[PDB]
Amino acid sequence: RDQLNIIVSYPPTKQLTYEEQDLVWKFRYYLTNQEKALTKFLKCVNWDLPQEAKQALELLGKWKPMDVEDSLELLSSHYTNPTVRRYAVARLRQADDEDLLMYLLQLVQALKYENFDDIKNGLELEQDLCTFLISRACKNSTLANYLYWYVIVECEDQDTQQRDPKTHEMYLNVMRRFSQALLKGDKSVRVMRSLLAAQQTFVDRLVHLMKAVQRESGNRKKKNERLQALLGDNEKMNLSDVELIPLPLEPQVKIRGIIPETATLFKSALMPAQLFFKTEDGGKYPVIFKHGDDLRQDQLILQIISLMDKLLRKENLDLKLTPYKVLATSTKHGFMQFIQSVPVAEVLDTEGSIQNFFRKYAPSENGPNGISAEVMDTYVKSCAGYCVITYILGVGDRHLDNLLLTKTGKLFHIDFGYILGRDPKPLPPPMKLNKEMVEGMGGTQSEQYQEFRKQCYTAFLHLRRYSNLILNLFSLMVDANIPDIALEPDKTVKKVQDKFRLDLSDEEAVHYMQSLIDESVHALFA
C-alpha cells in the first residue's frame, strides 16, 4: 500500500515511530525485493532479542542487495550488529575507487563506530571497515595517501587524546595495522610506506621552515627574503630537491621540490605561505601552506563540493565549479590548492564591477554586454551552482573577500568558517546571493538572469536525488572534530535535510527554489 511507500521514501535520518516500525516489521516479507526498504527494516529490528536478530539476518541474506549510497547508513553509530556492519563493507566493496575516494573522509570517521578490539587483535563477508580500507589502500596509491593523512591527523588530535583515549588508541592501531599491511605486501606495496614516510618528513621540514621565518621581527619583504633564502639551501632544508614524491594535496602530482625564489607569505594574521611546487615534468603547482590553524572544517566542505560537482557532472551538468583541493596535514596545519582568481571585493575596487572586469579581460563585439559568450555562460553556471550548494551547506559569513572570480568567468567561494546555518550576524538570509553577482549577469531583466534561475532549479532537483548519499555522509561526521558540527551534533543532519525540502514534489521544489531566489533578490532592495 501507499502508506508503505511514504515510509521507505524517508531520509536515512528520519526516525520512524513505534507505530511506523511495527508496520514495516509486519510486511517485511513483502518488502524483500524492494531495495530502499532494507535500511528502514534494519531500523525496526530488536537487535537485543536473539530470535528477531536471527530472522533479521536471514532476511538480510535473501533481501535485494542495497546501493553503496544507502550502505553508508549501516556504518553509522546506530548500527552495532557485527553482521550488519560486515554487510555494509560487502556492499561498499562493489563501489569503484573513484566513488570510494569520494567517501573516504567519512569512512575514516566511521572507524570510531567499529569494534576497537578487532582493530587491535589484527596486529602482530569476512572484512571489517579497517581491513577493507587497508586492503583497498594497498591496491591504490591515491587511496593509500589519503588514508594515511586522514588517520595521522586523527592520531595527532589532542582533543580526542584527552576526551576519548580509547578512540585515540584505536587510530594509533589503524596506523599500525596500515604500516604492517604495507610491509607484508608486494614490491609495489612495500615502497608506498617509504613514500608516505618521505612526505611526512617533507611536511615536518616545511613546518620547521615556517617557524624559522617567524623567529624574528621583520618587514613582509624581509620575511619573504628569509623564506626564499631557507628554501634555496637544499643542503640544510632539503625542500627544493627531493626524490619525486607524491604531493600530499594531490598525490597523482609527483614533486621535485618547492621553487625557492617565487615563495612568499600572504598579508594575513597567520601569514600563510604561497609555494610553487616543481612537478616531475617541469610544471608548477601553486599551493597555500596554512600553519597555526585547523583546515578540517574546510577540508570536509571542499570534499562535499567535489562530490556535489562529480554528481552534477554525472547527470551531464558541468556548472563550472572550483572544488580546489584542501588537505589537513595536522590539526594545526595543511595545504590548499591555490587558484588564480581575484576576490570580488578587489574586482569592485579596481574595475568597479564584475561586468567591467569581464569587458576588460574578455571582450567580444556582439557578446552579452560586450563580454565573451563562453565567459558569460561560465559565470551564469558557476553562480547558479554555488547559490544552490552554499544554500544546502548553510554557508555563512559571505562577504566579497571570500567570493573569488577568474578571467574565464568562474565564480567560487572560499573560507568555510561558518556552515550549517551559522553566521556572525543574526537572522542570516537562507539564499547566499548578493547584488554584485546579479549585476554581473546584467540585472534581473537579462536573459542571463532567467538562465541563472533555470540552472538553480536543475542543480537543486539533481542534488535532491542524491539526498540519501549526502545525508549519510554527514551522519558519519556527527562525532568528528569540526567546529560547526561539534556545536549541535544531534541537529547537524537535519540542518542539511531541511534544505532539500524532501516534503515537496519536483514541480513544488522548483517553485520553492523560484520563490527563494525572488525573496533574496528583492531583499537586496531595502
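Positions refer to the first chain, counted from 1. Note that the rigid core is defined as the largest set of C-alphas that superpose within 1.5 Å between two forms. Residues that one form lacks are left out of the comparison. What changes on going to the form deposited in another entry:
Measuring CA movement between these two forms with the rigid core aligned, the set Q214, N369, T83, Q161 has one residue at 2 Å or more: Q214. In a rigid-core overlay of the protein, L49 has its C-alpha displaced by at least 2 Å between these two forms. Against the superposed rigid core, the consecutive-residue runs (3 or more long) showing CA movement of at least 2 Å between these two forms span 48-55, 214-216.
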The other form holds:
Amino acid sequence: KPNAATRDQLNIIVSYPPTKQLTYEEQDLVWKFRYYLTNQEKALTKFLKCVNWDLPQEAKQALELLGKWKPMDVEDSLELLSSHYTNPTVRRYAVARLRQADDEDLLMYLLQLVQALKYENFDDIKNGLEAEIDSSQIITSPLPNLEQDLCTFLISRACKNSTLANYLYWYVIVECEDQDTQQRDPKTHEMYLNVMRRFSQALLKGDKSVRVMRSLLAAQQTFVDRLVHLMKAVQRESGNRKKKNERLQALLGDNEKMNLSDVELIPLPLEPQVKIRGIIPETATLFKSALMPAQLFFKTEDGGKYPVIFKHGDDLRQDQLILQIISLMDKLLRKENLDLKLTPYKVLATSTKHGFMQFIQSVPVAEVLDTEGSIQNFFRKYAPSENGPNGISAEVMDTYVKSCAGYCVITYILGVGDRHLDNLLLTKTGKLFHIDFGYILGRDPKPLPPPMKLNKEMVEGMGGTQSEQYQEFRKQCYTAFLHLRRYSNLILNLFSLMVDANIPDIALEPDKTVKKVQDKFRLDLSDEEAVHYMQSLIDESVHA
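Taking the form deposited in one PDB entry as the starting point, write out the structure of the form deposited in another entry.
Just the single chain follows, nothing else.
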C-alpha cells in the first residue's frame, strides 16, 4: 500500500498513452503496488507492460493478478490484442472483455480485430476446423469466460449478426488476397484461409437463416467477380471515354451474359443494410480519371438509387481505414452530443486490386469557385434566405460552420496531405467534406506542408474573420478537439492494431506510425493549454 506522494506518481503512469514506453523506474513502481492498483481498472494495462513474459515466474505472478484486478474496459482490451502480447491467457482475457461490447461497437473495431488475428495462435485456429485453395471460392463452393480465441468469438457473433457477417467476410477475403502477405508471410496467408474455412464451416452448421447468410455471401462474391470481369473488359476497350462507356452500358444491359442488371435481392457489400436488385445499365459511366473508375447506380430494395464508385486497378485499404476512423470520430463526437454534419461515406475494398465507395452528390470547392465565384454565391443560389446570414439559409450556414470545424480537426489528427479545392467538396445543404486520402500521417507530394487544412475561401464562406460564424467555427474546433482527446486511448489502440496492415503510409514506418497520431492530440497539454493550442493552429493557418 502506498503513501500520498507515491499515489500521484502512479497516477501519472496510469494516465499515459498506451503507446508510451514504460521506463524501468516506472515498471518497478507499478510492479511494487500491483496489489494496490487492483481497484484501478485503467492501471491493469500499465501492469501487463512491466512483465517479461520470457520469465515464467514473472509471467505466472502477472496472471494471478489479472484474475484479481478490476475487470478491464472494452476500449482498453484492444491493447492486449496487439503484437506486444503473445500470452494465451492475456489474449483470451482481451476476447473475454471484448465480448462485453455490443455489435454496434464491435463493427466500429472490426477492421482492426481482423488485423489482430495476425498475433493469434495459428495452430489453435487450424484445429477448430472439422495457392491450392482459392479463398474467393470457399463460400461459393459449399461441400455436400476464457475459452474462446479471437477467431472463434468473431465467427460466433458473425453467425448471429448479418451486418458483421458481411464485413467479417470481405475483411478476411481481402487479407487472403494480400500478395505481399502470401510472398513474405506464408503462415499468415495460411491462417486467413483457415479463418475463412472456419467461417464457411460454422455458417453451413447453422439454422435456416445462418445457412442463407452463406448463400447471400456467395451471391455477393459472384456478383463482385462479374463486375470485375466487366471492368477488365471496359478498361481494355480500345477508344475514348465515350467508347468505353458504351461498352460499359452494353454489357450491363446484357443480363443473360453478365447477370448484373437483374439479380435477386442481395445485400450491397459496401453497406449490407441496403439490399440491391442490380445495376441500372443506362446511368453507368467512367470518371475522367486514368484509373478508369466507374459510377454505377444500384437499384435498391425499396425503389431507391444508390450510386457507388467502383474502382478496379487500385488498392482502397488506406482510404478504407481513414473513412472508418472518420466514421468512429463522428460516432464518439455524436456520443458527446456534437453532430458536426460530417460525411463518413462508406468505402469497402473487395480485393487489394478493387473496391467500392459510397457516392455522395456534391460539388468540388474548385468547381464552386470557377462557376459561382464564391462559396457564399453558391449558397445564396441554392439556399437563399432574406433573414439568413449574408442572404443564405441559417441551417446551411450552421451546417457549413460545423462540418468545416469537424473536418479541420479530423484532417489535422489524421495528418491528411495533398489538400486542394478539387478534393474538398460542398453540398447544397452546406456539408463540407474531404475525399481521396492518398497521403496521411504527415505525407504530402510537396515538402513542408501546413499542419492545418484551411484557406481564405473557406473562411470567406463563413463571412470572413470578423463574422459571428467565424467565432462559432473556432468554438467548434477546440470543443471537437477536447472530445477526441478524451478518446485518444481508443484511437491510438486502433491505430496500434494497424501497424502490420499493408497501408502505404503506415507500411512506410510502422514503428513510428502511432506516435504520429499521439503527438497531434498534444496530450502533454491540459484542456485549457489544448484549447489555446488549437486557436494558434487555426489563427496561423488563416493568417498565412
